[PDB]
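Encoded as structure tokens, the following chain is the form deposited in one PDB entry, with no partner shown.
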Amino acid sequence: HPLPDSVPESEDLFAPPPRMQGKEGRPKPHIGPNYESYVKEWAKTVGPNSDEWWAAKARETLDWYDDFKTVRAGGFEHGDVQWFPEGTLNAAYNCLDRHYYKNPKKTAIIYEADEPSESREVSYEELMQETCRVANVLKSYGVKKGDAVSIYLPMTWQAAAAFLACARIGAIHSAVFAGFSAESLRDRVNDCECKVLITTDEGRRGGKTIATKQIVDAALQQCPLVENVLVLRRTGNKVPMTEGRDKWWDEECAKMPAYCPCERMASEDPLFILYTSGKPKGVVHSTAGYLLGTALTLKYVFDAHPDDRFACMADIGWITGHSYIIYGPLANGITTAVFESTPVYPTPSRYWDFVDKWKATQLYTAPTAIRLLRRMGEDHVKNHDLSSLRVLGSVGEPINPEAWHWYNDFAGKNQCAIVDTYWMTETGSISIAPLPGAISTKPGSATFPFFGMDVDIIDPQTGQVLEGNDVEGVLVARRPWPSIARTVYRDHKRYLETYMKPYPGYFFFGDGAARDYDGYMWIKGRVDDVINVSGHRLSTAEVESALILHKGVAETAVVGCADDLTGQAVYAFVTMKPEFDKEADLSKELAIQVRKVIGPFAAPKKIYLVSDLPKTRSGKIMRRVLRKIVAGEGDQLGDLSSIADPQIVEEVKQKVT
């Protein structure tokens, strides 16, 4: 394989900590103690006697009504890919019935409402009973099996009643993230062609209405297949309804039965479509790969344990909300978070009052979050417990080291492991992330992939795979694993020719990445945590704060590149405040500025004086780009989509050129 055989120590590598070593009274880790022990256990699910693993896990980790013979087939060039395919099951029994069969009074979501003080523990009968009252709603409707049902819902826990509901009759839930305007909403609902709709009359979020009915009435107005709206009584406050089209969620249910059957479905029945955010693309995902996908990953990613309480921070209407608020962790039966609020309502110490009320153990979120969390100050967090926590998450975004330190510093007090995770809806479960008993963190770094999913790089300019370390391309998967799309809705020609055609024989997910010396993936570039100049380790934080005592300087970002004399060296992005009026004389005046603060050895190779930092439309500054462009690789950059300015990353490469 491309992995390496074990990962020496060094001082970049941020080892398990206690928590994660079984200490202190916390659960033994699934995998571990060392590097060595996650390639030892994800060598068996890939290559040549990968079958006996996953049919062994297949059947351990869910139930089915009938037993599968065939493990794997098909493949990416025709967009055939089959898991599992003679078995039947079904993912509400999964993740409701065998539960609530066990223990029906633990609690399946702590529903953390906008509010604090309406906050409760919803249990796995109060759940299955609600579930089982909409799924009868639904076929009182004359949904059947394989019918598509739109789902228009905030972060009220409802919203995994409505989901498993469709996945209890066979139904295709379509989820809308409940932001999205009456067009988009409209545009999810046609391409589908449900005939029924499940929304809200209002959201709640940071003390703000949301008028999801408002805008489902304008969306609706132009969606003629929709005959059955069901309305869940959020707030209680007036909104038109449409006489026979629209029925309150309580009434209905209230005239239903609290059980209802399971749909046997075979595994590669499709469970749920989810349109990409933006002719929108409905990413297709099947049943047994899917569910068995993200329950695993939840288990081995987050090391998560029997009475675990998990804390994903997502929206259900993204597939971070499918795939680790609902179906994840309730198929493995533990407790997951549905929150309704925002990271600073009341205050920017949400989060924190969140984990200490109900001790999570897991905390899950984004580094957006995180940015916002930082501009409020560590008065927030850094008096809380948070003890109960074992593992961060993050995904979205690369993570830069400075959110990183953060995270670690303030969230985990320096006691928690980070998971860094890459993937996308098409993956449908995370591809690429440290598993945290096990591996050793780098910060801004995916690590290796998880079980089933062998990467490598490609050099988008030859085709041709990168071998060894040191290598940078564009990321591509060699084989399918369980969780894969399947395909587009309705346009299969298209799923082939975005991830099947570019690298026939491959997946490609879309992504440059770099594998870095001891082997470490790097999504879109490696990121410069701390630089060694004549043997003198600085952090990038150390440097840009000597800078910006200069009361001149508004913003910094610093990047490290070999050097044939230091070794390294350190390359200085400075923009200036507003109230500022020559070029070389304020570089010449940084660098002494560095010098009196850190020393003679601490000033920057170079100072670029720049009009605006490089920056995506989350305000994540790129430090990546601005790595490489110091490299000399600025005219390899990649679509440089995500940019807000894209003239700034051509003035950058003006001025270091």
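Positions refer to the first chain, counted from 1. What changes on going to the form deposited in another entry:
- Checked against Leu220, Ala554, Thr209, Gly525, the hinge of the rigid-body motion between the two forms corresponds to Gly525.
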Given for the second form:
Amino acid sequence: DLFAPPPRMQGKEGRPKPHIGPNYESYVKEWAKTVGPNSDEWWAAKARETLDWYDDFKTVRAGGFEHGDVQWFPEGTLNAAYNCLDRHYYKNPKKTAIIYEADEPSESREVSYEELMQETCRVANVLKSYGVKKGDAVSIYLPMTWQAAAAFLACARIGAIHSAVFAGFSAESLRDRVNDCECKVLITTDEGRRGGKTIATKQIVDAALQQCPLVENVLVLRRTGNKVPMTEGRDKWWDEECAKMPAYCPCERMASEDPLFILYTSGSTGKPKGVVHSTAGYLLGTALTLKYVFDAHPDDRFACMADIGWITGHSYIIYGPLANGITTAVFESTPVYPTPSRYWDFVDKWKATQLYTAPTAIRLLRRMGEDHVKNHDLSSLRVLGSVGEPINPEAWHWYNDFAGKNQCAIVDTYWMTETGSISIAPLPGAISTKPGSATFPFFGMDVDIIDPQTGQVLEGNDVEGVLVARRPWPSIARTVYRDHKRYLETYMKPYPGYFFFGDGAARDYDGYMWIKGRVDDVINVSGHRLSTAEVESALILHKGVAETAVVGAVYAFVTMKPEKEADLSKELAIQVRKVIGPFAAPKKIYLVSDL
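Let me have the form deposited in another entry next, following on from the form deposited in one PDB entry.
Only one chain is given; partner chains and other molecules are left out.
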């Protein structure tokens, strides 16, 4: 039940030879350079080789967990849009930056680096005309159309701080995130299209903004052109604003530690935290993980099927793939629209070389039956990635058997919003995989197991407890927006000297890491990171509810105040979908007399 790198990962059959290979010892030889007291050399070289800098840095790293003053390359300056767009445009303008796989397959097209750069510059000029300055927050409420990348990168280009809100969030959820970050500008769309259905985004925006007193300008992408309300003065059409502007905009020269984005994320306690990532270390971590975990080569076509509203979309749709100058997929549809062949129809149409998805999507397709995958080529694929949650053994094999035809590496990538980039994963040209194991830590990641009853490291193999990291890494989140106390309390205080992931883990006799799962009240349902406390708070607000308990699929047990039962389950399911979002409805709601 151990899977050595298959021929597609040995440079055989004309494929690109792996960056790291061919065995475990070859991974350790490199990894040892990236951790410990003599690792600055490797990190300084990779930083200078991977990114284009305006000013060089002097100091590789400083700071630490205790006070949350982590620093990487502090004196250097750079721009994330320059590194993701301009520098590749200058070398090969007509290269496809984005494969835009529209909700309807026949509406898909390739977007060149030139076209993406031009649209990013126009949007940036629009934002500057609204008075957006370096360090201002800008909220983004966009579905999976390719212009979402232009939106993110236009903010990065001028040094604004984008805060992307998942297009599956409700009006109240959008409003809360818009208000927390105090942005004065919101970028959205008239409607979204997903799985053949319409998302009334502008309608949701108008309801949210009724209680957002700081928002002054809304830029509206005309994705469908159907009639939506537009407030005079406040609301402008993306195409009409961009048509006034030049198709080039200079890049703001950003410090390595200037904030790049806020991304609101659920914790075990309290409301969603605005997780803040800075610029150089985050960009470096995503570029290096993309190159090494997926063994990306210059002509690859990388298909991350995630959503830009989540950290997986930030790191492995936009920043990672574009920093590397390759082609990245922006997938607007679902895995089963029009049919469950879609993922494989897509792979064959574009000859995708890697595919990155959640264990849930894989399990759903396995439910729909092997008819939809057994008769495709898929030989373009070399690596199949999984992220967001444990992948079951049956899913791992099905992924390897059908999607991979037993010639692909399966990289099980463990990480979190707060880690910025992948933390534990097999390198696919070197590591033999066990189904369900993340295997070995990535470069810069020194992880350990701690007994929670003790607070001390369990050294050796065949141990189990809580996962922690010994030392900062370049892409670690730097703060929680305007709430640093919560950052320290959650991640740095439980085990002083270490970073606390919040997951359980075990290291078997071979040193393979096995991610047990959250030891707190965070649950992963279909790859999404949901707090049981937020679901209870959503349910508690329903008129008549007296006490709720939500436990990890999500299941809620509710008791009503003394003032049909299946019809009540639906009204509470709608209450959760209204407070959080449709994706957050519990799998079952049980009405009991006492908890």
